[PDB]
Amino acid sequence: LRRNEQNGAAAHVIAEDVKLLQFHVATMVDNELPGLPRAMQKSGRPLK
Amino acid sequence: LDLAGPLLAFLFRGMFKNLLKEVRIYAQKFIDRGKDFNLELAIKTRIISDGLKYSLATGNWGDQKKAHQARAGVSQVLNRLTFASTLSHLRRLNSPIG
Amino acid sequence: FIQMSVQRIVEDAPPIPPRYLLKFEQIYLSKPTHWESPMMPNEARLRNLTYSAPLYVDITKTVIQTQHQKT
DNA sequence: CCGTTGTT
DNA sequence: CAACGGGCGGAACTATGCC
RNA sequence: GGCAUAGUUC
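Protein chains in written order, with the deposited numbering: chain A, 290 to 337; chain B, 393 to 490; chain C, 50 to 65, 81 to 100, 106 to 133, 141 to 147.
To be clear, the hints were calculated from the coordinates, so they are not data collected in a lab.
Check each hint, because a few of them may be wrong.
[As the list claims (entries may be wrong)] Calculated cross-link-like contacts (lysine-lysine; reagent style BS3-like; alpha-carbon spacing at most 27 Å): (1) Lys-87(C) to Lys-421(B); (2) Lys-458(B) to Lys-331(A); (3) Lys-436(B) to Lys-87(C); (4) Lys-413(B) to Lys-427(B); (5) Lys-130(C) to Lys-413(B); (6) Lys-331(A) to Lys-413(B); (7) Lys-458(B) to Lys-436(B); (8) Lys-421(B) to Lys-130(C); (9) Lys-130(C) to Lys-427(B); (10) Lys-409(B) to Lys-331(A); (11) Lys-337(A) to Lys-308(A); (12) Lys-436(B) to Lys-413(B); (13) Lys-421(B) to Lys-146(C); (14) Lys-146(C) to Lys-436(B); (15) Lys-146(C) to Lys-445(B); (16) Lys-409(B) to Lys-421(B); (17) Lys-130(C) to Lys-409(B); (18) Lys-331(A) to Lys-436(B); (19) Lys-87(C) to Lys-409(B); (20) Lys-445(B) to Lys-458(B); (21) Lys-445(B) to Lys-409(B); (22) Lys-445(B) to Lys-331(A); (23) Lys-436(B) to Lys-95(C); (24) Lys-436(B) to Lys-130(C); (25) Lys-95(C) to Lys-409(B); (26) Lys-87(C) to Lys-413(B); (27) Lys-146(C) to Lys-413(B); (28) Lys-409(B) to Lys-457(B); (29) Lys-458(B) to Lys-337(A); (30) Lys-436(B) to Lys-409(B); (31) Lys-87(C) to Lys-130(C); (32) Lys-457(B) to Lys-337(A); (33) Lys-146(C) to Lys-409(B); (34) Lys-331(A) to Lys-457(B); (35) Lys-146(C) to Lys-87(C); (36) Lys-146(C) to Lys-427(B); (37) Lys-87(C) to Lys-427(B); (38) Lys-445(B) to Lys-95(C).
With the sequences and hints as input, model every part of the structure.
Here you go:
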């Protein structure tokens, strides 16, 4: 996101990346929100 | 009562469907070029072999990627403490109620 | 299961400018063997192997016919 | 099953 | 009145598959 | 080393 905001984006890549970073941080805090992608890493096991 | 016949047949339907999907994908990719097409190279036996072996080995009746809703508790490891234990294990039922 | 269900599952599967078409005809099953040769159950237990048999199928290739046996 | 919050 | 969310026993002992 | 599943004792 730093690189995109430095080199200039297409006004929607920035928004999608912001949403993705928000999802990653939220799932790091709690990985049980209702109606979420439910991030996994490997073998299909959800994180902790 | 779902015995070995129905269980393995239900398990095998999905693996044969996946094998058909993979050979279809390979055929289309190799045919868009228009060069030629081969049969042996188009078939992944590892699908069927590993799928059946994994489902019997772990007990999670389903594909490995979707072992979340897969019903665990089928395919237990045979009890061998006594002959009566072996027989009563081989003749056993199960109610999927929680 | 081995006698009927696998054959029915193979049969009921739908078949998949030049055109190519495939249609699986029938299956086969040899007695269990080991590839490095029949493999006895006790040997399968001792060597941590799997007691299994190979499943073959007849597949026919057509272009718009050619038969492939024991796939 | 039953405490919150929304909608009406 | 309807939808949503959290809550649901205590210990202990083996085994097997997989990352 | 850890995750999961199964069985068993009280």
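Verification of the hints:
{"no.": "1", "hint": "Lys-87(C) to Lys-421(B)", "result": "19 Å, holds"}
{"no.": "2", "hint": "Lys-458(B) to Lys-331(A)", "result": "12 Å, holds"}
{"no.": "3", "hint": "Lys-436(B) to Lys-87(C)", "result": "17 Å, holds"}
{"no.": "4", "hint": "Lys-413(B) to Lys-427(B)", "result": "21 Å, holds"}
{"no.": "5", "hint": "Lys-130(C) to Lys-413(B)", "result": "17 Å, holds"}
{"no.": "6", "hint": "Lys-331(A) to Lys-413(B)", "result": "24 Å, holds"}
{"no.": "7", "hint": "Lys-458(B) to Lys-436(B)", "result": "20 Å, holds"}
{"no.": "8", "hint": "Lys-421(B) to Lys-130(C)", "result": "17 Å, holds"}
{"no.": "9", "hint": "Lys-130(C) to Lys-427(B)", "result": "16 Å, holds"}
{"no.": "10", "hint": "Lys-409(B) to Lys-331(A)", "result": "24 Å, holds"}
{"no.": "11", "hint": "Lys-337(A) to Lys-308(A)", "result": "21 Å, holds"}
{"no.": "12", "hint": "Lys-436(B) to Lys-413(B)", "result": "11 Å, holds"}
{"no.": "13", "hint": "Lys-421(B) to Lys-146(C)", "result": "25 Å, holds"}
{"no.": "14", "hint": "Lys-146(C) to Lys-436(B)", "result": "15 Å, holds"}
{"no.": "15", "hint": "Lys-146(C) to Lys-445(B)", "result": "22 Å, holds"}
{"no.": "16", "hint": "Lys-409(B) to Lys-421(B)", "result": "18 Å, holds"}
{"no.": "17", "hint": "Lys-130(C) to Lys-409(B)", "result": "19 Å, holds"}
{"no.": "18", "hint": "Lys-331(A) to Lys-436(B)", "result": "23 Å, holds"}
{"no.": "19", "hint": "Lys-87(C) to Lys-409(B)", "result": "14 Å, holds"}
{"no.": "20", "hint": "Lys-445(B) to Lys-458(B)", "result": "16 Å, holds"}
{"no.": "21", "hint": "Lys-445(B) to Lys-409(B)", "result": "17 Å, holds"}
{"no.": "22", "hint": "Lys-445(B) to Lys-331(A)", "result": "21 Å, holds"}
{"no.": "23", "hint": "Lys-436(B) to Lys-95(C)", "result": "22 Å, holds"}
{"no.": "24", "hint": "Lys-436(B) to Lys-130(C)", "result": "18 Å, holds"}
{"no.": "25", "hint": "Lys-95(C) to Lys-409(B)", "result": "25 Å, holds"}
{"no.": "26", "hint": "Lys-87(C) to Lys-413(B)", "result": "14 Å, holds"}
{"no.": "27", "hint": "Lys-146(C) to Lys-413(B)", "result": "20 Å, holds"}
{"no.": "28", "hint": "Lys-409(B) to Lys-457(B)", "result": "16 Å, holds"}
{"no.": "29", "hint": "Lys-458(B) to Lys-337(A)", "result": "19 Å, holds"}
{"no.": "30", "hint": "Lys-436(B) to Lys-409(B)", "result": "12 Å, holds"}
{"no.": "31", "hint": "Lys-87(C) to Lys-130(C)", "result": "7 Å, holds"}
{"no.": "32", "hint": "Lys-457(B) to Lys-337(A)", "result": "19 Å, holds"}
{"no.": "33", "hint": "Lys-146(C) to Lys-409(B)", "result": "19 Å, holds"}
{"no.": "34", "hint": "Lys-331(A) to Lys-457(B)", "result": "10 Å, holds"}
{"no.": "35", "hint": "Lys-146(C) to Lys-87(C)", "result": "14 Å, holds"}
{"no.": "36", "hint": "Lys-146(C) to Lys-427(B)", "result": "25 Å, holds"}
{"no.": "37", "hint": "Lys-87(C) to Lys-427(B)", "result": "22 Å, holds"}
{"no.": "38", "hint": "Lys-445(B) to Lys-95(C)", "result": "18 Å, holds"}
The structure fails none of the hints (numbered hints given earlier).
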